[PDB]
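> Here is how the chains run, residue by residue.
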Amino acid sequence: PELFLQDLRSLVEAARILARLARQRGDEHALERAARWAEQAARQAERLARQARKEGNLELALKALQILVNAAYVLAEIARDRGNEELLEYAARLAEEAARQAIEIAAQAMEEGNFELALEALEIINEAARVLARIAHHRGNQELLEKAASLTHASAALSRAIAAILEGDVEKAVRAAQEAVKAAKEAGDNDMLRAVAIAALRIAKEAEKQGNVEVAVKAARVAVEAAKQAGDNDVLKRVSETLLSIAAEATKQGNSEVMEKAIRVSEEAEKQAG
Amino acid sequence: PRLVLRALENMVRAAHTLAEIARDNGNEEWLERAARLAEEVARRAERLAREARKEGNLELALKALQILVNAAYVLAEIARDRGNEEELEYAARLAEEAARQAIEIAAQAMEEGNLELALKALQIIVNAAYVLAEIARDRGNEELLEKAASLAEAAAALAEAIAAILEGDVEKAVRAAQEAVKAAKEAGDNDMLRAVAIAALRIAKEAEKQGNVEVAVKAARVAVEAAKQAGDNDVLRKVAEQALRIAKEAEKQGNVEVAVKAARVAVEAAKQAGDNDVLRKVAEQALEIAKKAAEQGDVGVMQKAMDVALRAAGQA
Amino acid sequence: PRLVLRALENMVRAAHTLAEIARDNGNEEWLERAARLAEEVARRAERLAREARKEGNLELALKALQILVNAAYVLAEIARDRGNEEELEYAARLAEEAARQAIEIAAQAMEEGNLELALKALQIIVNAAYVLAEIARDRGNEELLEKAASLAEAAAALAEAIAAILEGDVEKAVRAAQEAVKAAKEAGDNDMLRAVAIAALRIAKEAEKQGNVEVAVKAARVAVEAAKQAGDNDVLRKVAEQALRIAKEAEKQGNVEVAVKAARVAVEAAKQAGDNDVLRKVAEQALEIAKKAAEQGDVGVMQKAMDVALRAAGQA
Amino acid sequence: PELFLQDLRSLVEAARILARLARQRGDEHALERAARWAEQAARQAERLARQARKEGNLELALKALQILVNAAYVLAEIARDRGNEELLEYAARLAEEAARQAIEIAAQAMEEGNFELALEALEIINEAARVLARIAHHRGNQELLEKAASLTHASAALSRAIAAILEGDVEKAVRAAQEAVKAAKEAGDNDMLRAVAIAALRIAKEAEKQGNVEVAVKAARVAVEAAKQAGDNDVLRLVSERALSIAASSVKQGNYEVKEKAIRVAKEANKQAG
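Residue numbers (the working numbering), protein chains in the order written: chain R, 1 to 274; chain F, 275 to 590; chain D, 591 to 906; chain Z, 907 to 1180.
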């Protein structure tokens, strides 16, 4: 398999270099050729990235997504000079679905607690916005710049929070998550909010493992904050369940107040599921 | 461990992109978020470097140092368009102690003889110096160009010399090392010069295997040039041990002229430390050189061996 | 499995204590509570025993039967002091039905040759005889007393026969078996007869290993005596097959007199059974026996060999 | 060690045979001799019986209790015929203590699901009760006779519930437990109520293992009844924790009504614990 991606990278570099020379040469036919070199890779790579969700090799999947992002940059590098908005719109919609699918990968990875893949998927998400932003520099919509910046910001806050879990302080992690959910509130994407919720669940599970049920109530409270901002019933179930898990550990600690809170918030999550 | 480094690096990516986007809008709030993140990254990365210095995985440290360089670039990029000096000053201070700690990492790696880590650390030092030089031009501290430039150039000359050690033309390595000490001496950080002296000790430690005692003395002549700036007693002590190793072999090789010159270098170092045990041990071997020159019947070299042995004794 | 048996037994033991306590104090409510408790446990135990038999673990089944016999003892203890006939009838039904199942277990165990099961099963049967006796006395019924006595005597003869199967004295075994059929024929119990026949079959199987065809035929003469009352068609088949096996050994020994007696038994059984393949196999061997008796040339034996083989053909 | 039990049994047998003989061949000196032999055997066993709890071999422990019960039969026989209500007191105290200790053994075994020991301890309790009834008959204590009937009824009900658990019919077990709790209420012993509650907990644990949350709520409703009558906060805590298990399992089933009951039951247990 691997050679495909390596050759696609070479073909993306060839399209980029041809366009660099073509602007010295003053030639549109080279731009047509380059656009075709790029499109022939892009459509096949998109199908591969979709296919890889069946195959489960998330390393090859995120590498294919990175190849798509790298191609998207080269496509923008042509399209911003070539003056056609359909080509820009194709690249933009492709990049938007690429970032969205990276979030879908990240949701699985963080549910599994594979922060390793999560940081790499978040890295794809951080870089992917740059192409949309450099497109928006030319298209003039500050709204796209805001979306792009926010997209990076939320994935960056998740990265900052993940570091505190690996460093082993759930309260610092929850404080960072409390920043992350505000960043996601500015961003306004439900699927990023699902990523936040899945992280907040994994954080709550960490806080239970460390016996810090009070911090776990905060972690779950952020989880249901994300769900209350953008609905997902299976999240709300998992959260409500986890909040009973927290209530049970709080019962084991004899802390009736934290147990009562954990029940009331478990009940809020159930009430939001409706 | 390595997860944290990835996270910090990718936080720097984020801050870099945040500045890249913000400069089209003039979004000071995005720049402020980025700056606060970059400061946090520096703070956490310093903690990481301190801990790694206990843990002994030098790669974690040097990667953290590259992250610190990248973060210092992000700080500088935000700072230069705000035009404030403190925003440059904090980054410069961080970068200086980062580079200084990196020189300790490089020194340890070169003393242990791990060229891989040496090359990595030296490259990190060149990158750190690039941030310092970029800041220096934009701020008008032209002497900071000199200090950055020398720190870079020396770090590169050390890497080049390491390549020449691996090829085996040790005098080409010494030719590089002569330029290396010259470059370092143009701004004069004693810690860099300690690292240079440790590289010259690596050259000497390798030359003992090869038996070109003549070129080994030329390497020691570089070593003492640097060591005479810095004054680290154990460096000077090691230089004396190498010079006596060189003498003991040069005696067996019958090249008492090179042996006498090795002693002439030995005292040049040993006098700076003033350790009587070294100075007496050195003078004792210097009379063994004189004895060997008499055993050759090499009258004038024996007179020079008397001169150097007595002059060495004359310092203790 | 094991736990549930233990627990039921413990519930029966509890019912026993409660019935003791109640009968000492004279409290009617405690008697009624005990009766209710005991009945539900009995219903449970019956189902368990039916299932244990279907699982094919005879040992667990006979423990379940022992639990049922204990339950019947407690039920009878309650009933005989309570003063109602249906309670005693239910206990009698439980006891007899358990005894039927137990004898069927014992029959299987004897044909498998599992002495341990068979011995345990006889002990269960003896315990059932005790329970039957206690019921029968306090109910006041001479016929059921006669059942209990005759069954117990027949069981004792079966135990004696099992002991003889250990000891290897086949004459002692037949002496016991003669009394066993005497008791069983006085009783008219089909399962007791079935058991006696299966015991006689294994006695004969062992007598053949010893080569004692004579006593094997004496045992077969008892076997047909029982089987002719009982009408167990497959037992009649097993008997007839064994009678021919015995006759074949009597031919190999040249004891044509014993062989002709073995045929005389075989045809008696076959005439009850009406199994055509058996009848033809019997007549076939009857001619083989007559052929060897003609090779011996004993005229009076040949008149018998004629008479038997020809009568057999006259039924076949 | 085992030999000590076997020889203690032999001393009980010798004492039994002597007492049986003495009732034929009357002599106050032989009667005192037998009483001395018997009480000595009892106290010799008592040292082992108290020790065995430290040693943790519950089989040897309940076997030592069986020795004490068997001896108590002989002590009672001697005492009631001789006319010494003090020896009836000593025997009754031996039996009551042994039964109280056996109830604890049964509770520990039921917490393990090591029902083997529980059934045997209950068997010891039944035989102990048998002796106690023989004693009480001569004192005229109708109250103790009613208690013995109740105790034997309750131990039988526990045994039935245990059997229903090995059978896996938790509904039949709960139906039996509903009888058991009434029988324990009539007996008026909090430690028997603890055994009933511990059984009810183990029943609920089975229902949870099998996912039968509805029957588990019924089981918990019985358990908290027993605990509410007994007044043991550690039981009430364990009940509340198990009720939160049932609640989490109910959210796993998505059943809001069974969740609601499970929370109300956990809150009843909390309301009694204070």
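These are computed hints drawn from the structure, not numbers from a lab. Misleading hints may appear alongside valid ones.
Taking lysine-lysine and the DSSO-like style, the derived pairs with C-alpha atoms no more than 30 Å apart in a straight line are [what the hints assert, rightly or not]:
#1 F/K555 to R/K209
#2 Z/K1111 to R/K271
#3 Z/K1134 to R/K205
#4 Z/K1173 to R/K209
#5 Z/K1177 to R/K252
#6 R/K252 to Z/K1134
> Are Z/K1177 and R/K252 close enough, with their CA atoms no more than 30 Å apart?
Measuring from Cα to Cα gives roughly 16 Å; hence the hint holds.
> Is the straight-line distance between the alpha-carbon of Z/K1173 and that of R/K209 30 Å or less?
Between Z/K1173 and R/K209 the Cα gap is close to 25 Å, so the pair holds against 30 Å.
> Do the alpha carbons of F/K555 and R/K209 lie within 30 Å of each other, as the hint requires?
Violated: F/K555 and R/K209 sit about 63 Å apart, past 30 Å.
> Hinted pair, alpha-carbon criterion (30 Å max): Z/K1134, R/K205. Please report holds or violated.
33 Å, violated
> Hinted pair, alpha-carbon criterion (30 Å max): R/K252, Z/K1134. Please report holds or violated.
It holds: about 20 Å lies between the C-alpha atoms, which stays within 30 Å.
> Between the alpha carbons of Z/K1111 and R/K271, is the straight-line distance 30 Å or under?
28 Å, holds
Of the numbered hints stated above, those contradicted by the structure are hints 1 and 3, listed in ascending order.
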